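Presented below, as structure tokens, is a lone chain in the form deposited in one PDB entry.
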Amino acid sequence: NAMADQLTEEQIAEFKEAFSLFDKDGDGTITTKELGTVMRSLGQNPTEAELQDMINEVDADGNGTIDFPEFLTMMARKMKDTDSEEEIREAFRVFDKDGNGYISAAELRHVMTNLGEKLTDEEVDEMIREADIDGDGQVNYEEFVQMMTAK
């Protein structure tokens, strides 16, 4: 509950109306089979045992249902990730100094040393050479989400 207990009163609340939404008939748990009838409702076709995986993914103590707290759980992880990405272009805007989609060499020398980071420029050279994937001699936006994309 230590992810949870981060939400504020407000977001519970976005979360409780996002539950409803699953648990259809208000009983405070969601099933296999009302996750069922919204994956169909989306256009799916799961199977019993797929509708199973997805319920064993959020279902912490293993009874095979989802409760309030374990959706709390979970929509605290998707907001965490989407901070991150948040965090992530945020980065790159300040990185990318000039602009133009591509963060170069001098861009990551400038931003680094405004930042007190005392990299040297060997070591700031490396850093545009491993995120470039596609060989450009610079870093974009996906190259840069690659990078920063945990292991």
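Positions refer to the first chain, counted from 1. Take the two forms, superpose them, and find the largest set of C-alpha atoms that agree within 1.5 Å; that set is the rigid core. Compared with the form deposited in another entry:
Core-based superposition between these two forms leaves all of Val38, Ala91, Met54, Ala60 but one with CA shifts under 2 Å; the exception is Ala91. Core-aligned CA deviation for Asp23 between these two forms: less than 2 Å. Once both forms are fitted on their rigid core, the CA atom of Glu70 lies less than 2 Å apart between these two forms.
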Second form
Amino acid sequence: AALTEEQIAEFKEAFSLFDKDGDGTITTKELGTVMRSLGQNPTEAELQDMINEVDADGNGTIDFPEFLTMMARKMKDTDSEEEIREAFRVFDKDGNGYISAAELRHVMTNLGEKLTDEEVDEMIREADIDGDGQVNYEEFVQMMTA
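Given the form deposited in one PDB entry above, I would also like to look at the protein as it appears in the form deposited in another entry.
Coming up is the bare chain, nothing alongside it.
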């Protein structure tokens, strides 16, 4: 657990994503707002647990010191290839490892936040490696995570 001086200043900006009113401390109410804006639905007890796991002095909120000290233990990352491949698999109707360019355009222009037809053109240009109108999403994901 070592943080560079550069990581410390960047995590100060990060603290403001949570400390919504800027009074220097993260409360359960603020974490609920943050978590719901990320599309999750923690219960009150779950929010209290998140606070309590980091709140070193037991005053009920998280200050930047406690915030920063716990980030120091959580810096290890790992690749997302398999999880991304599983998101593509949601749209593999026949479970054959393929999604047609036509079906990918349909998905991307109708579900989620969506892409424009121009943006989907660029994505398919990269995703349809063999030029056969079909996306082998395992290979596409392996290219993007290489």
